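Take a look at this one chain, the form deposited without S-adenosyl-L-homocysteine (SAH), written out in structure tokens.
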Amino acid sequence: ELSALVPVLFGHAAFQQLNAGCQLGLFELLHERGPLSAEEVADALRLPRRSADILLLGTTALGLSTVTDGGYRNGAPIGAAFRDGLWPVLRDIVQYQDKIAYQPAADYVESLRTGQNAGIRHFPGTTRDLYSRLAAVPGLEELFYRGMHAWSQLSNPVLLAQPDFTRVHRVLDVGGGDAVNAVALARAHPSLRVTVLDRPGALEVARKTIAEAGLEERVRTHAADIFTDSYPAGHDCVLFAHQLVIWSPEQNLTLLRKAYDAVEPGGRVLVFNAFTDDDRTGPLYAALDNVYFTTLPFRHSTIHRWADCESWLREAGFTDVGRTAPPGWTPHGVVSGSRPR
């Protein structure tokens, strides 16, 4: 019936239950101190009993907590987040939704209409990019980067698990930025060598990320503009991590053809980012995440379908083009291809 409307019609409230449990330390409480009674919870969090009962009904109905014989535990998802070392990441991301995303999401309608970021009315400035606007509010700059680091840390396992890194030798990371993915990649695969190709400005951060990891031997940098300049030869594999999502389809063909001439015959290209399902029915994560991308940043980020991306690789001349859609909950994956010999 209409029951499916409930988590949507009250969706903003559903979020607030998670937001609250995070800010008031409920989930951490239930993690450290096992089963606790409503009254024990109410005490530990210094909340009016009425308030605690309400919060606990919220969190329990959502499956964020369970209640057995008067005692409250974390539910399956929150339980798992702790077990897998994800809690600080999940807490930080929820804090991001609270302080950055929540209020501007109310400008989705106007953003869809005007095709611009209508939500930026909540962050007055004269400049034309999100962080500068955010930096005008004390606290938000720091949170913005903490959030971005958290989001990345949610996805980066699926990149490292990609089987191609146990067969390629020299990887060219296009727009590799702060080398964090490059370092991680190099640690997980010791014989592998990685070149971070990016703008001079970003590479100063990259040489420090590389240095701290003491990987100055296997992880090099190469100053270039990924569009105008040409790519260094002798690379076995070309990687675009979160690159193809801000460019026009034709601009993506330019980059991929650049990957094709640069990579060695037999070589691989790997496109790693978030993908929409080909039938455009999901996945829900991507679908709901677009509200942020539609409402806040000035630059339009697009999540292309797997099939879209597969098509570009073929237009650029790659063969053995296919996809790697591994579980689980995030919509991140890899589209891949080879240059022939």
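What's the form deposited with S-adenosyl-L-homocysteine (SAH) bound like, now that we've got the form deposited without S-adenosyl-L-homocysteine (SAH)?
Excluded here are partners and other molecules; the one chain stands alone.
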């Protein structure tokens, strides 16, 4: 049936309805004051009535809102976000899609065909990875880590629940960005110390996250290039969070070997990110989020299969290699291994 083409042929428009729903304050409004009529929505949102009608038609047909005798409410996929304390997280992730992902996504066909991250051209600069370009635009690094922070809040419950974190003591957070996961881990397991290793630009943001959490004594930053610099010794566990998806298999094996060398004997390596199913059928989230990785971060970036990741861990010399499957609707999991005593 051809009808299945509708959410795909108009997929960009479907995203724009959610985008508009968020930016214009519709979902917050319906949460607090629903049911509301179309006129009431137009008055509260200070929109022309035609505009309100267009938005409401879009969100209602998508199931993001419901209408009942002319009265509008949040649909359950939106209500769920508010229920689970995730509305600011979803809001910030949609802003990321809008400000970072959407326009470079137009360069997807070219990026596939040329094997480049072509969409990076929408960001001023000359280097070939997104992260080293963030400093070129005032406020851009902060905007980026706001989104990345929210992405991690969404995805890291599987990380925080990892059994290793009730055994390990000292965690090296490689490319740990703004310390979102370091702080979450520190709060979840109070005996952990964590070192957040990243570029100076990112650690500038990480310091604010750590200070706000009041965790200066348990979470520290460390400026280093993940490829060209030595990792700090004395760590019990090496964490790659939302990191190996950026690089080639060849590059990841290099990083996992550095991890092996740096982790103490008996220690753990943990790879936390989205994963592609080994049968290459999905999940849908990963298959679609690949458009971002194909177009922006780096010319090799992609959401790798579980099995390929486990393969790299063994080749790096880790033993007892395995995986923890997603507990929910996102495709995030953990691949883990041990350095032999």
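Numbering follows the first chain given and starts at 1.
Please determine whether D229 and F123 lie in the same rigid part of the chain between the two forms.
Different rigid bodies, so no.
Treating the chain as two rigid parts, how many degrees does the smaller one rotate relative to the bigger one between the two forms?
Hinge rotation between the two forms: 20 degrees.
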